[PDB]
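K.L.:
Chain by chain, the residues run as shown.
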Amino acid sequence: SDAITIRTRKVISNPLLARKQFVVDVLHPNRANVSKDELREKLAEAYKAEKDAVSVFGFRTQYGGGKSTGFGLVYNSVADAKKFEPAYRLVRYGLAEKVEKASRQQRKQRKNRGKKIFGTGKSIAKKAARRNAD
Amino acid sequence: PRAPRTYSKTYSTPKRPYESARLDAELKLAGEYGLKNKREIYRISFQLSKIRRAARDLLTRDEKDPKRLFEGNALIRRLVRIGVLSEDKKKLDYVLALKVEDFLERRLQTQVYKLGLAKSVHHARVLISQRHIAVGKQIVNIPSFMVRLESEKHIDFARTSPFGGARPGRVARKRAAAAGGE
Amino acid sequence: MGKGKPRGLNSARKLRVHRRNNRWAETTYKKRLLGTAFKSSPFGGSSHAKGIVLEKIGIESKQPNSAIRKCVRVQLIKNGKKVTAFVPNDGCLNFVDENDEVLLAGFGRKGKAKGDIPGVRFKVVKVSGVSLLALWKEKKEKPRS
Amino acid sequence: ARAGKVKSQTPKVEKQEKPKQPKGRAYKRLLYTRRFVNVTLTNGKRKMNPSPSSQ
RNA sequence: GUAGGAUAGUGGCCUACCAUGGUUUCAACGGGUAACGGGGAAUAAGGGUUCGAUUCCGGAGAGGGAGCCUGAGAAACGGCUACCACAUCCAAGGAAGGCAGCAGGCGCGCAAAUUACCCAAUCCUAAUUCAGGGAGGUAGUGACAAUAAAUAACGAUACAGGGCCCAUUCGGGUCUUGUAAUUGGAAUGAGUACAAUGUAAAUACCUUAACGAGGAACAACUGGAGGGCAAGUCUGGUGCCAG
Ligand SMILES: [Mg+2]
Ligand SMILES: [Mg+2]
Ligand SMILES: [Mg+2]
Ligand SMILES: [Mg+2]
Ligand SMILES: [Mg+2]
Ligand SMILES: [Mg+2]
Ligand SMILES: [Mg+2]
Ligand SMILES: [Mg+2]
Ligand SMILES: [Mg+2]
Ligand SMILES: [Mg+2]
Ligand SMILES: [Mg+2]
Ligand SMILES: [Mg+2]
Ligand SMILES: [Mg+2]
Ligand SMILES: [Mg+2]
Ligand SMILES: [Mg+2]
Ligand SMILES: [Mg+2]
Ligand SMILES: [Mg+2]
Ligand SMILES: [Mg+2]
Ligand SMILES: [Mg+2]
Ligand SMILES: [Mg+2]
Ligand SMILES: [Mg+2]
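Protein chains in written order, with the deposited numbering: chain Y, 2 to 135; chain J, 2 to 183; chain X, 1 to 145; chain e, 9 to 63.
Errors might be hidden in some of the hints.
Stated by the list, open to error - DSSO-like cross-link-like pairs, simulated, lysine-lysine; straight-line CA separation at most 30 Å:
#1 e:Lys15 to X:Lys56
#2 e:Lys26 to J:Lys39
#3 X:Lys110 to X:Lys123
#4 J:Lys10 to J:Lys68
#5 e:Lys13 to X:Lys140
#6 Y:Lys11 to J:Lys138
#7 J:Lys10 to e:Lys31
#8 J:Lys138 to J:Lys37
#9 X:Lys137 to e:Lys15
#10 J:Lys16 to e:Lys36
#11 J:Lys51 to J:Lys120
#12 J:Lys68 to J:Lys91
#13 Y:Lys21 to Y:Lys43
#14 J:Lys37 to e:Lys36
#15 e:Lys20 to X:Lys31
#16 e:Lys55 to e:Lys23
#17 X:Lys123 to e:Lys28
#18 X:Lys114 to e:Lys13
#19 X:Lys82 to e:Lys13
#20 X:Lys112 to J:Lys16
#21 e:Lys23 to X:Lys142
#22 J:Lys10 to J:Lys37
#23 Y:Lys43 to Y:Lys83
#24 X:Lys78 to X:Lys140
#25 Y:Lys109 to Y:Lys68
#26 J:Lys29 to J:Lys68
#27 e:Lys20 to X:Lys126
#28 X:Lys140 to e:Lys26
#29 e:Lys55 to J:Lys37
#30 e:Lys23 to J:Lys37
#31 X:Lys139 to e:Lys55
#32 e:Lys20 to X:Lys137
#33 X:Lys110 to J:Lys10
#34 J:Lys37 to e:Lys31
#35 J:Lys138 to J:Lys29
#36 X:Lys126 to X:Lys50
#37 J:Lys120 to e:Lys36
#38 J:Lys39 to e:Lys55
#39 e:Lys15 to J:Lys37
#40 Y:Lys84 to Y:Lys117
If you're looking for bench data, these hints aren't it; they were derived computationally from the structure.
Produce the entire structure from the sequences given, and follow the hints as far as they go.
P.N.:
This is how it looks when you write it as structure tokens:
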């Protein structure tokens, strides 16, 4: 029917980053869209890499289904992948977890507040408490 | 602050509006090669105009001497590739008079109709618009594509969609459903 | 005849000077230079100006065609000067009313009169934030009073 | 009146429910047909928008 | 000019003493600029003319003018000290200020956007792989400007134009074109929408399933219709009026 014809164009082996980085080229004949997980699986099957250390991004399919042309790396290990790849990518993959944090504006406000106070806040709190009577 | 993305108000209006004969000619041209507007014609003229200007410039220097020889030659080659220039004519002074009609004739507009496929210019255009026709195996839906001559034999109906014959296509499906129901 | 201007190979400065001198006979150039638009010309050398409708005034037309041309005495907001703006199409003056804000435009002639309406230099365009043509059409409606 | 008398005086005739003259390229095609393909009749001279033949 | 003073240093930069020079119709000096300079922009035969606040390079300025600390580097203004002009907070004794950063408001005006999301990129700073960054990007608004182009297409039957086997009158119409609220099959993406793509996260794009076109819509406006100048000696309403 289709068979998800995957290729790996422009393979640069990277001893510095500890990976094989490349352009993922992939075909759909009559299927439409490849899916990322599937692509990863395919890569693993090809390269003996395992999804854990495969890492893909970019793409945008050509026009009129058919083809898709993304960017894929295959690290020398899982650990290596973890300690080099940006966090967003990891999150996308499922490997890492989403970093739960406050809003940027909120953070900024907090920082400002901190700047405004001096020393330890405990003292300030104590002072406030004391005032409470007044 | 990145850099100004450049553009050209490429495709330029004529200096008088209502030169009646000219208008008529334009209309005729449109009829011949099924255009939505005079705009397209104007664009074509501009394209050709530029080429003409270039040719003139080249002439204004000595053929034998370098820039003229090389740049001009390159231009000629490009023209040939496009398929507006003939193979008999590759002498620069032939480019000088190319004409807009020729340019129009090289479009994926007409290179559908010229190769059969459609039946009646407008129809071809419509087909092109509606996600049929793949010059390679990549679906062109610009009428004013300009076919490469080297890839004119390769103009087919689309791999996907009907006419090429992958899927029948929507109305047909509906009809089938109706039949089934019956 | 050598024909006036010096044709010497080193007579360039003189020529330039002459040209400059001549430039002050050309009217547009002069205007550009002296800032007649910036110093006079009710508007501030601008395309448009908002102005207050002081009163509706019918002005009697020039000659040949004889009629009353339903103009408005407008006071420009930014400068404070007082001008007379013709009001286009049928009626229109009613729509404009009295004491309304009114966005003026030039009539066409880079200043000057416009055909038959004597001592009149401006089209009313918008009345209190709409557009006169639109109102006339009734494609758009007025925002009440 | 003495302030847009003529606009108020006229009878409002209504837009007749006619079929759309098609947009974009269709119109152009139609124009072409009118012009060079069909060829209008001429006693001696061409005319784009003729009259009903009368004084 | 001589000498000193100062300066990181040259130097009337400043001081002392002396000389009388210095510039100028090859426009000095003064006045104006709705003048920041240049790269460049618009126009575009050749020569030109106008514009250049504004993505790059320089220069200035941080309400005005002044003065200075620290520092390699500031005469810094998201440093200080003063005065003017403006203004806040007050228990009246006193305090704090400076959006020509970003966002936003008033104000002015013909005239210009969100008090959004983030450091993933781009680069930058430090004690510095690690933090920060309204620099920067990301969307939002956005008909500034620019590019690409949907707004039916193919049928059949039904009424007319064109080729004509032959034109004793016809006519079949064997062949090709245009018109009908006929009708019929074949797509379509503009819309929507699982998904997957994107992405810092999102949107949107590209990719798709599913629904979604038949004049009632899944509807093109603007201007014009005597000339200049493309196109109405059409019909009524008007009757120097209103335009
Ligand atoms: Mg499709
Ligand atoms: Mg008269
Ligand atoms: Mg000295
Ligand atoms: Mg300037
Ligand atoms: Mg200035
Ligand atoms: Mg500048
Ligand atoms: Mg200014
Ligand atoms: Mg600058
Ligand atoms: Mg200010
Ligand atoms: Mg300062
Ligand atoms: Mg500030
Ligand atoms: Mg600063
Ligand atoms: Mg601001
Ligand atoms: Mg604007
Ligand atoms: Mg910014
Ligand atoms: Mg919008
Ligand atoms: Mg489209
Ligand atoms: Mg109209
Ligand atoms: Mg009219
Ligand atoms: Mg009319
Ligand atoms: Mg005419």
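K.L.:
Each of the hints needs a verdict: does it hold here or not?
P.N.:
Status of each hint after checking the structure:
At most 30 Å may separate the alpha-carbon atoms for a hinted pair to count; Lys15 of chain e and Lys56 of chain X meet this at roughly 19 Å. With a C-alpha separation of about 27 Å, the suggested pairing of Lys26 of chain e with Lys39 of chain J holds against the 30 Å cut-off. The hinted pair formed by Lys110 of chain X and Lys123 of chain X meets the criterion: a straight-line CA distance of about 13 Å does not exceed 30 Å. In summary, the hint linking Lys10 of chain J to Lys68 of chain J is supported, as the alpha carbons are separated by about 28 Å, within the 30 Å threshold.
For the given pair, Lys13 of chain e sits about 21 Å from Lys140 of chain X by alpha-carbon distance, which is consistent with the 30 Å threshold. Restraint check for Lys11 of chain Y and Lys138 of chain J: satisfied, since their Cα atoms lie roughly 22 Å apart, inside the 30 Å limit. Distance check on the hinted pair: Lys10 of chain J and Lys31 of chain e sit about 25 Å apart at the alpha-carbon level, within 30 Å; holds. Using a Cα cut-off of 30 Å, the hinted pair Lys138 of chain J and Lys37 of chain J holds, with the two alpha carbons roughly 27 Å apart.
A distance of roughly 11 Å separates the Cα atoms of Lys137 of chain X and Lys15 of chain e; the hinted pair therefore holds under the 30 Å criterion. A threshold of 30 Å between alpha carbons decides the hint, and for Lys16 of chain J with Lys36 of chain e the separation of about 22 Å falls inside it, so the pair holds. Taken as a hint, the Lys51 of chain J and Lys120 of chain J pair is broken in the structure, with Cα atoms around 33 Å apart against an allowance of 30 Å. Distance restraint check for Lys68 of chain J and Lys91 of chain J: the Cα-Cα separation of roughly 17 Å lies within the 30 Å cut-off, and the hinted pair is therefore satisfied.
For the hint pairing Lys21 of chain Y with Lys43 of chain Y, the CA-to-CA distance comes to about 15 Å; that is within 30 Å, so the pair holds. For the proposed pair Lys37 of chain J and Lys36 of chain e, the alpha carbon gap of about 7 Å is at most 30 Å, so the pair holds. Restraint check for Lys20 of chain e and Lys31 of chain X: the C-alpha separation of about 50 Å exceeds 30 Å, so the hint is violated. The straight-line distance between the Cα atoms of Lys55 of chain e and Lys23 of chain e is roughly 27 Å, inside the 30 Å bound, and the hint therefore holds.
At most 30 Å may separate the alpha-carbon atoms for a hinted pair to count; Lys123 of chain X and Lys28 of chain e exceed this at roughly 36 Å. Restraint check for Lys114 of chain X and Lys13 of chain e: the C-alpha separation of about 23 Å stays at or below 30 Å, so the hint holds. A distance of roughly 29 Å separates the Cα atoms of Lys82 of chain X and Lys13 of chain e; the hinted pair therefore holds under the 30 Å criterion. Only pairs whose Cα atoms come within 30 Å are accepted, and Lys112 of chain X paired with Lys16 of chain J is accepted, the gap being roughly 28 Å.
For the proposed pair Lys23 of chain e and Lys142 of chain X, the alpha carbon gap of about 24 Å is at most 30 Å, so the pair holds. A distance of roughly 19 Å separates the Cα atoms of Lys10 of chain J and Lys37 of chain J; the hinted pair therefore holds under the 30 Å criterion. For the suggested pair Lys43 of chain Y and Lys83 of chain Y, the alpha carbons sit about 20 Å apart, so the restraint of at most 30 Å is met. At roughly 28 Å between alpha-carbon atoms, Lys78 of chain X and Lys140 of chain X fall within 30 Å of each other, so this suggested pair holds.
For a cut-off of 30 Å, the pair hint linking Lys109 of chain Y to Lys68 of chain Y is broken: about 44 Å separates their Cα positions. Simply put, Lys29 of chain J and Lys68 of chain J have alpha-carbon atoms about 39 Å apart, too far for the 30 Å limit, and the pair is violated. For the hint linking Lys20 of chain e to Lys126 of chain X, the alpha-carbon distance of about 26 Å falls within 30 Å, and the restraint holds. Taking the CA atoms of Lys140 of chain X and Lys26 of chain e, the gap is about 24 Å. The hint holds against a cut of 30 Å.
Distance check on the hinted pair: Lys55 of chain e and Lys37 of chain J sit about 24 Å apart at the alpha-carbon level, within 30 Å; holds. A hinted pair counts as satisfied when its Cα atoms are at most 30 Å apart, and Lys23 of chain e with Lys37 of chain J qualifies at roughly 28 Å. Taking the CA atoms of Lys139 of chain X and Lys55 of chain e, the gap is about 35 Å. The hint is violated against a cut of 30 Å. Proximity of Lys20 of chain e to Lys137 of chain X is assessed by CA-CA distance (about 13 Å); at most 30 Å being required, the pair is judged to hold.
As the CA atoms of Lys110 of chain X and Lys10 of chain J are separated by approximately 28 Å, the hinted pair is consistent with the 30 Å bound. Proximity of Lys37 of chain J to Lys31 of chain e is assessed by CA-CA distance (about 9 Å); at most 30 Å being required, the pair is judged to hold. For the suggested pair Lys138 of chain J and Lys29 of chain J, the alpha carbons sit about 33 Å apart, so the restraint of at most 30 Å is broken. Under the criterion of a C-alpha separation no larger than 30 Å, the hint pairing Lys126 of chain X with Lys50 of chain X is consistent with the structure, at around 9 Å.
Distance restraint check for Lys120 of chain J and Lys36 of chain e: the Cα-Cα separation of roughly 18 Å lies within the 30 Å cut-off, and the hinted pair is therefore satisfied. Simply put, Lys39 of chain J and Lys55 of chain e have alpha-carbon atoms about 22 Å apart, close enough for the 30 Å limit, and the pair holds. The straight-line distance between the Cα atoms of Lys15 of chain e and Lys37 of chain J is roughly 38 Å, outside the 30 Å bound, and the hint therefore fails. Using a Cα cut-off of 30 Å, the hinted pair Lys84 of chain Y and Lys117 of chain Y is violated, with the two alpha carbons roughly 37 Å apart.
Checked against the numbered hints listed earlier, the structure breaks hints 11, 15, 17, 25, 26, 31, 35, 39, 40; every other hint is satisfied.
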